[PDB]
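Next comes just one chain, in structure tokens: the form deposited without this ligand.
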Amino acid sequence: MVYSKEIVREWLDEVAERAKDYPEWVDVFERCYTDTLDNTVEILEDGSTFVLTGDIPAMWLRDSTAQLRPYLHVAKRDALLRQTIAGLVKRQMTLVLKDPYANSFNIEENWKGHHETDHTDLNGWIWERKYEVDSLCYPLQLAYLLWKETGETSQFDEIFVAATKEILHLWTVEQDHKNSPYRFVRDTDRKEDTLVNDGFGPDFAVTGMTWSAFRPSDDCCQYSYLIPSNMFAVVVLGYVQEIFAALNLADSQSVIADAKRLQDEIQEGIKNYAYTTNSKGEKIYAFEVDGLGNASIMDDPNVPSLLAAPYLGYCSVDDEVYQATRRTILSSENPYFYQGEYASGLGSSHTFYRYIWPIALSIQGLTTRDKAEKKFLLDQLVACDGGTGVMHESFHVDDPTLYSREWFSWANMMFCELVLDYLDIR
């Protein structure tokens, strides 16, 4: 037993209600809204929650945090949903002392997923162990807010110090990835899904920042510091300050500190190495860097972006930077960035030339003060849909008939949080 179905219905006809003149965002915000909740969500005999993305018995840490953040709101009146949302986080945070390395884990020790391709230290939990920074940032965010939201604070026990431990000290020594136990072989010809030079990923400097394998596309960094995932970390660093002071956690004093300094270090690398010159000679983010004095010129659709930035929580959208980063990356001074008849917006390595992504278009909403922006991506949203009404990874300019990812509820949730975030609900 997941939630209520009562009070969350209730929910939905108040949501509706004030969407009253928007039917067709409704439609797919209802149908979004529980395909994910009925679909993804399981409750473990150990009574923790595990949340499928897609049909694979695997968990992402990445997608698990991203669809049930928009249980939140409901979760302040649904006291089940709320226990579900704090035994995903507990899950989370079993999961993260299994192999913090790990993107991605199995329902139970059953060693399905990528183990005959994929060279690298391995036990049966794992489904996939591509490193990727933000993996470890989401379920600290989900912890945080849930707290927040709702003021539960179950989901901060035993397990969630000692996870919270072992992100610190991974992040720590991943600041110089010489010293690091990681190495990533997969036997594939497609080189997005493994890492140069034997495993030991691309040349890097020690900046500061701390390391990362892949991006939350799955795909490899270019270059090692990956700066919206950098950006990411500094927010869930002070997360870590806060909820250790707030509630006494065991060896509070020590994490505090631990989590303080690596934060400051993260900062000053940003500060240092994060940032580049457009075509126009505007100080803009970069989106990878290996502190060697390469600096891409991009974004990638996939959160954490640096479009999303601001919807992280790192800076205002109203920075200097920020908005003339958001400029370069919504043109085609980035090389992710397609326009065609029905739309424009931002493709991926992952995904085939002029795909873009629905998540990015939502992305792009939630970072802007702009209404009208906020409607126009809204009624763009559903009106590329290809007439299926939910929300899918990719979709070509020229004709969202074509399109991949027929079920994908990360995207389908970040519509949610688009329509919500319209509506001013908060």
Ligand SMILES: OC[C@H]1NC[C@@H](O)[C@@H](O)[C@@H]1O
Contents of the next structure:
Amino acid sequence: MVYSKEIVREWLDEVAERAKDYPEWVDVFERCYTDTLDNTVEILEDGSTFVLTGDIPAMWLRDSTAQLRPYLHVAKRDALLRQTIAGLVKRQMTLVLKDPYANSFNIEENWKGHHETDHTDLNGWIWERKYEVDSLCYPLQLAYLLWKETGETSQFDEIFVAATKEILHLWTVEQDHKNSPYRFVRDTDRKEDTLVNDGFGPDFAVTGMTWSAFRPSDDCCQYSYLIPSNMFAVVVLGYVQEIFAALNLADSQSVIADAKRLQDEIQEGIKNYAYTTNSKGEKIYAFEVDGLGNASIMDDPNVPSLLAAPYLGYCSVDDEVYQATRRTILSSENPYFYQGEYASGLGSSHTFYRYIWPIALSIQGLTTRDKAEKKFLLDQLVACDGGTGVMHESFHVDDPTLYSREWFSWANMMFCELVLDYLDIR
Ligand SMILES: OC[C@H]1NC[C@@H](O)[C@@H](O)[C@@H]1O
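Taking the form deposited without this ligand as the starting point, write out the structure of the form solved in complex with this ligand.
After this comes the whole thing, all chains and molecules, with the earlier chain placed first.
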């Protein structure tokens, strides 16, 4: 009901042929690709698409985009799967209108989720209301990628236009968080799951960048201007300009000018505040800054990450500042960089010490021109699966049979992305 088994099986046959020298990769690729398509995607009563992030009836705007993105290739062939992806954009934009500050949404207005512990404005559609700038980038990215890869335009409907307007309004309000209607307190002993200053967050100055409460990891920002999410915002604001001009959408002149104004202001904020200096004295990107002079040197495996900046389309992989940042991220100068017997890579505040993330190994391969480095990382990913033949959230560098999240569809899909990239399937 969501795709053509005939068309998808033939496409996978072709990929397996292209990858015939890499049977270990094919086994995992097919397992990953089929599981997401068969077990996480459902068509709702209104013909729109709901994608399960994991193992409860809630969809993250972030995971759902990254889960479906690698199906864009076969959606060039499979018309029905093309509609399913369009239906996901439609669902995302509808939910953005329900509450543009929420990261995660229920399948229906059922009041499931975190309401018992969370003090914030809530409705029945909200699973979790952690505001993460990237949550609002991902649906815009998906709408744009669907259009570019397949030519599909039905996703650019009135709900799309209204939701785009909501995103621009919110990001603009959050250029000075003193004016924000958003507050968040969770009754928990885990500091990462709540906001300091009774739900308002840490101190900041106005920088031109847009404020975030939490990171793509779902843990709170230390400083409020998250460089990778503002990078992603700059990219998708470009997309908004393109889409409104091309499709002659309602209020395009106003929306295009607004998006451009905001893109330029965030870009100038990045120029003015996002940079710092590493141990060697090289200019690098910081992870989070507050505009008060504080700037962290680290990266988090969750995307958008600094490591993923070229993958997100923010800058060239060849860029000097990016490369210096990359060398810094992938070293012990980054406090989340962990080295062990099986692998070295990136952990997170979100997971245990010494556990590193497959998603960051995949992004590491997606952001190098060196095909030998891509192949090395793909070999490492499959070798570090604890014998499960799928991708986990994190695994211990000294023993990958110790890992978190048995079923992690976004991680499975990032592995698929790197295989396709290695094979020049584009
Ligand atoms: O998969 C849902 C959620 N898990 C924690 C992080 O990986 C975050 O990025 C993700 O959205």
